[PDB]
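Could you build all of it, start to finish, from the sequences and the hints given here?
In case you want the letters, here they are:
6 protein chains.
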Amino acid sequence: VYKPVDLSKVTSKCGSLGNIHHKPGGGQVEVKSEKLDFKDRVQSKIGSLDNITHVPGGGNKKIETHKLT
Amino acid sequence: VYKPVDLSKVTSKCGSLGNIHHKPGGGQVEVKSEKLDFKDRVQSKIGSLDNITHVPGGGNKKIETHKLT
Amino acid sequence: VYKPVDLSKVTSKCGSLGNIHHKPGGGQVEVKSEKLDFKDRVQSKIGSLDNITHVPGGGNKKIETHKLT
Amino acid sequence: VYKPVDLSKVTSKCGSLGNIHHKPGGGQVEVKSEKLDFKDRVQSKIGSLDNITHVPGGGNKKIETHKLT
Amino acid sequence: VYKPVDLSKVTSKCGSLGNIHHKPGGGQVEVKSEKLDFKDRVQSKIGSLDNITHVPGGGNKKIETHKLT
Amino acid sequence: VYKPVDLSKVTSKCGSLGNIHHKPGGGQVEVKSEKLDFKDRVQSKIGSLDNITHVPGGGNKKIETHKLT
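Chains as they are written, first to last, in this note's numbering: chain A, 1 to 69; chain B, 1 to 69; chain C, 1 to 69; chain D, 1 to 69; chain E, 1 to 69; chain F, 1 to 69.
Bear in mind the hints are in silico, worked out from the structure with no lab data behind them.
Check the hints yourself; a few may be wrong.
It does not matter which identical chain is used: a pair holds within one copy or between any two.
List of simulated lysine-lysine pairs, DSSO-like, C-alpha gap at most 27 Å [unchecked claim]:
1) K13 x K32
2) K35 x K13
3) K9 x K32
4) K45 x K13
5) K9 x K67
6) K13 x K61
7) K62 x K9
8) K9 x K61
9) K62 x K3
Rendered as structure tokens:
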């Protein structure tokens with residue numbers, strides 16, 4: 001018999017949130033390549049890639065798992 | 001017998017949210033390539049790629065799993 | 001016998017949301033190539049690609065899974 | 001004898017006038033009432049009311065009063 | 001005998017006027033009431049009321065008063 | 001005999017006027033009341049009330065008064 005009971009609260013009362021500035025890669029990226037030999041797979045990423053700005057008004061994260069075996 | 005009970009609250013009261021600025025890759029990317037040999041697959045990404053701005057008014061994330069075996 | 005019960009709330013009361021600015025790749029991307037050999041598949045992405053702005057008034061995410069075996 | 005004089009000038013050279021935002025009550029007003037008793041007159045205002053935006057290109061005032069007895 | 005004189009200049013050379021934001025009550029107002037008794041007059045104001053945004057390009061104000069008795 | 005003379009200049013050369021933000025009540029106002037008794041007049045104000053933004057391009061103010069008796 002398996003009878004867990006949950007009454008949880010996960011909460012936020014953020015009054016105000018703002019003036020957030022993220023300015024990644026604001027300079028120069030200069031790449032010069034000469035006479036290279038590549039004998040296998042190449043991945044190349046140049047510049048400003050995958051940058052995230054993430055500003056949730058809540059962003060509360062409640063994670064749970066149950067098992068029998 | 002398996003009877004878990006959940007009465008959970010996952011909540012936010014964000015009063016106000018804003019002035020979020022994300023400026024990825026605002027400078028120069030300069031790539032010069034000469035006399036290169038590639039003998040296998042090439043992936044190349046150049047510039048400002050995959051950048052995210054994500055501003056959910058809640059963004060609360062409630063995740064759960066149950067199993068028997 | 002399997003009788004899980006969920007009475008959960010996942011909630012947000014965001015009062016106001018705005019002035020979100022996302023400006024990916026606002027500079028120069030310059031790519032110059034000479035005398036290159038490619039002897040297999042090429043993927044090339046140049047410029048401002050895959051950039052996301054995502055501003056949901058809720059954006060709350062409730063996820064659940066059940067299994068028997 | 002009473003013979004007062006005024007030759008005054010009231011002036012402005014406001015070159016351009018604009019980009020004015022007035023945004024009252026942009027978020028939730030939530031009033032919840034149960035089992036109240038009122039035994040005399042009620043005046044009740046709920047929401048956004050009586051808010052003023054007033055943007056005259058002049059808006060100067062010249063006000064004067066004279067009296068005898 | 002009564003012969004006062006005014007030749008005054010009241011002036012402005014305001015080059016440009018703007019980018020004015022007034023945002024009263026962009027948040028939550030939440031009012032919860034139970035089992036109250038009122039035995040005399042009630043005046044109630046809830047939310048965003050009587051807010052003013054006054055932006056005159058002059059707004060210069062010349063005021064005067066004269067009397068005999 | 002009554003003969004005052006005024007030659008006054010009241011002036012501004014404000015080059016530009018702006019970027020003004022007034023943001024009262026961007027947060028929570030949360031009011032919870034139970035079982036109160038009021039035996040006389042009630043005046044109640046809740047939220048963002050009476051707020052003034054006042055931005056005259058001149059706003060110069062010349063004020064004068066004269067009397068005999």
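Taking the hints in turn, this is what the structure says about them:
| no. | hint | result |
| --- | --- | --- |
| 1 | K13 x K32 | between (51 Å within a copy, 16 Å between copies) |
| 2 | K35 x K13 | between (59 Å within a copy, 26 Å between copies) |
| 3 | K9 x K32 | between (55 Å within a copy, 20 Å between copies) |
| 4 | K45 x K13 | between (40 Å within a copy, 22 Å between copies) |
| 5 | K9 x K67 | both (23 Å within a copy, 22 Å between copies) |
| 6 | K13 x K61 | both (15 Å within a copy, 15 Å between copies) |
| 7 | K62 x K9 | both (9 Å within a copy, 9 Å between copies) |
| 8 | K9 x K61 | both (11 Å within a copy, 11 Å between copies) |
| 9 | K62 x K3 | both (19 Å within a copy, 20 Å between copies) |
In summary, this structure violates none of the numbered hints.
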